[PDB]
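Q: Use the sequences and the hints to build the structure in full.
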Amino acid sequence: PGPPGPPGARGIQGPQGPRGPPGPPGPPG
Amino acid sequence: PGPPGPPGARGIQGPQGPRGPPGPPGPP
Amino acid sequence: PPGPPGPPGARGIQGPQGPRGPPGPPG
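These protein sequence lines are chains A, B and C, in that order.
For the first sequence, my numbering assigns the number 1 to the initial residue and increments by one for each residue that follows.
For the second sequence, my numbering assigns the number 1 to the initial residue and increments by one for each residue that follows.
For the third sequence, my numbering assigns the number 1 to the initial residue and increments by one for each residue that follows.
Among the hints, a few may not be true.
[To be verified] Each pair of labels, with its calculated beta carbon distance range:
1. A:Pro-21 with B:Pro-1: 27 to 37 Å
2. A:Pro-3 with B:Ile-12: 43 to 53 Å
3. C:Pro-26 with A:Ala-9: 34 to 44 Å
4. A:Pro-3 with B:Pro-22: 20 to 30 Å
[Stated by the list, open to error] Computed footprint of chain C on chain A; a stretch qualifies when at least three of its residues, placed anywhere within it, have a C-beta under 8 Å from a C-beta of chain C:
5. 4-13
6. 16-28
These are calculated hints, taken from the structure and not from any lab test.
The C-beta atom is built at its ideal place from N, Cα and C for all residues, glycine as well.
A: Okay, structure coming up:
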């Protein structure tokens, strides 16, 4: 038998990270 | 024919997630 | 002859969490 075939293709792009947290409350009025 | 080739590498990292929304109103 | 191409890689790592949003409006 021949040598092993070429390496497989690189996988697809990973998922986006989660949304960041809401900002802090505003300063006093 | 020889055996199947090795698996490919993991893909590129995903993008940064979206920014959070603006925060709440401050106090009176 | 050589064998066929290997399987595709898995999906990439998750991206980082997004940035915290801006401070809120004055009260």
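Q: Confirm or reject each hint.
A: Hints, one by one, checked against the model:
no., hint, result
1, A:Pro-21 with B:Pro-1: 27 to 37 Å, "violated, 54 Å"
2, A:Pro-3 with B:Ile-12: 43 to 53 Å, "violated, 29 Å"
3, C:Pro-26 with A:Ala-9: 34 to 44 Å, "violated, 53 Å"
4, A:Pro-3 with B:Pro-22: 20 to 30 Å, "violated, 59 Å"
5, 4-13, "holds (count 10)"
6, 16-28, "holds (count 13)"
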